[PDB]
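Just one chain follows, in the form deposited in one PDB entry, and it is written as structure tokens.
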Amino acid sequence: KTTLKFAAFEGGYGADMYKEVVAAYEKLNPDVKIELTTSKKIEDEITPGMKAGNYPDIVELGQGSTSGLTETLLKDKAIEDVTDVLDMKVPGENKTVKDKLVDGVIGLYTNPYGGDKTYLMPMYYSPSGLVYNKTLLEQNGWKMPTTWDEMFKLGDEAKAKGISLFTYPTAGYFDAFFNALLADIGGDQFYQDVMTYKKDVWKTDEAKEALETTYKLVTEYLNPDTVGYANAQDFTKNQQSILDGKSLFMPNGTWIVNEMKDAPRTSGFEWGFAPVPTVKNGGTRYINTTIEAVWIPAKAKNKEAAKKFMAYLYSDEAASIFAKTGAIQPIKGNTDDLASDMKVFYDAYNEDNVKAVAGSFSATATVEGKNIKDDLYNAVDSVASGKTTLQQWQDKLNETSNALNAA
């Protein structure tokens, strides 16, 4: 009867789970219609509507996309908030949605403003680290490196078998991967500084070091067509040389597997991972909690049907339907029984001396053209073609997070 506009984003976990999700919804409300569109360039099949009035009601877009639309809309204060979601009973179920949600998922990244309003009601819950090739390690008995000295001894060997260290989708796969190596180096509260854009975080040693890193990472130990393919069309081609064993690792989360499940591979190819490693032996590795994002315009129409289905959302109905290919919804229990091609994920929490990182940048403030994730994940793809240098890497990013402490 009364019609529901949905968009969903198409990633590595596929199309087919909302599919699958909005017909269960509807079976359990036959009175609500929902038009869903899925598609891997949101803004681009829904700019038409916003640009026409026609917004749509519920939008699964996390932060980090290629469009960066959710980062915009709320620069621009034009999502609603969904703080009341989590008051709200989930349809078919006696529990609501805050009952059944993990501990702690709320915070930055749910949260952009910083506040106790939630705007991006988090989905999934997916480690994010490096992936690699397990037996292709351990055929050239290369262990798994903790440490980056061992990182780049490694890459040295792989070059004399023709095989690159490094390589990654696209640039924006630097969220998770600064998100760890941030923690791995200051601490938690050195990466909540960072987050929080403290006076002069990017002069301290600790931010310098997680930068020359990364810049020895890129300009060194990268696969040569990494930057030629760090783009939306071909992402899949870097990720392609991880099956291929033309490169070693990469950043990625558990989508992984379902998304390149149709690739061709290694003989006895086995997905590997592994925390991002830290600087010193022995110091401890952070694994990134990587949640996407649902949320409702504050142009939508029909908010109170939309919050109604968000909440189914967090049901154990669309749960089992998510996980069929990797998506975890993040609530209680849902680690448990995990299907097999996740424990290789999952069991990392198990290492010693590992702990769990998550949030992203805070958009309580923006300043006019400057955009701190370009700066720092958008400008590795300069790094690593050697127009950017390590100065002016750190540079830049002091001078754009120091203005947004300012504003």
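Positions refer to the first chain, counted from 1. Just so we're on the same page, rigid core means the largest C-alpha set that superposes within 1.5 Å between forms. What changes on going to the form deposited in another entry:
Note: rigid core superposed between these two forms; among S67, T47, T366, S39, the CA shift is 2 Å or more only at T47.
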Given for the second form:
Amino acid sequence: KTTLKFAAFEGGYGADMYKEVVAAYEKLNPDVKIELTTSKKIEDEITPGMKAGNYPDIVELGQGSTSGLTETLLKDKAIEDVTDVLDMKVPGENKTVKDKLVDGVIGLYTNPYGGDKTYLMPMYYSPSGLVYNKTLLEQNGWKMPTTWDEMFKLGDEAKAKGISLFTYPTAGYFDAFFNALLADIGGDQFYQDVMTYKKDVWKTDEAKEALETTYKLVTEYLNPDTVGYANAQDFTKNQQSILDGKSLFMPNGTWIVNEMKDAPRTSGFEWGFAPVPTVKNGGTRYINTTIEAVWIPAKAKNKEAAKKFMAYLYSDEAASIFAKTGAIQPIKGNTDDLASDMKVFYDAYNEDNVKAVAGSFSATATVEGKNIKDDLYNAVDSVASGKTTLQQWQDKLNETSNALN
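Okay, that's the form deposited in one PDB entry, but what's the structure of the form deposited in another entry?
No partner chains or extra molecules come along with it, only the chain itself.
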């Protein structure tokens, strides 16, 4: 009887799970009719200056997406404060959302302006690191590196066999890669300092080491097809080079299994997963806990109905639907009895001297014509193409970060 408009990003876990969650919510609450739109081009729904009666009431779209829409609306103060959803009862259950969320998931990603106001409620719960064909490493006697010195020496051996060390799907996937590498090199406070624009942080030895390591990786050890395919249309072709045996490693998360399930692959292929290597031998390695986001536009017409549906995304019923393709909602218990195809990913948290990192950049400050994510992540394409030097990369980051500070 009351219509709610829900726009959801169609990513590697698939669109059908959202159709099924919506149907389950309507069975629980028959007086709600949800109009669901799923698409790889969500930005079509929410356009600048749109009329309030035409906005979606609720949107699933993480930070880091192709369009950058979530960050654009944060900059414009155009996303509703949904802190109150944390204290709402989950529909169909006798617990609140906060009762169910895993500890520590609320943080700089979900609370982008700092402080205790939540604007991006967390979706999924994917370790990110490096994926590879475990069988290919085994066939060659290659051990998974824990250091970049080992990685580069492995790249030297792999090239002799016609294999490039590294590819990436798009440059945006350096979000999780740098969260891990920065924490590896500098520690927890250093990572926080980068995300919050501490003065001169990109001129530290720690930050320079992160960039120098990544510069060498993408200028000496990159599959030559990577940059040309590193876009929303062709990213799966870069991923296909792992399945075809032409690249060894790429940064990714657990949606890669479902996303590539129908693709051809080399005989005996099996997914491997590891943390990003660190620099010092025996050093702590971090796994990034990658989440997407669900949120309510400030111009939404039906915010209260959207908040109740949002709370239902943390129900056991919803979690069971999402888990069929590997999408693991960030609620307690949801990694007990994991599907067998997820074991290789979540087992990485059990390696010795491995820790978790998570987050994104603070959205408190904005500067005209500057975007720190373009300067850190998107710049990798230019670096790999030989159009940005290592010094230019660092200098532009320090300039933008200091201006945001």
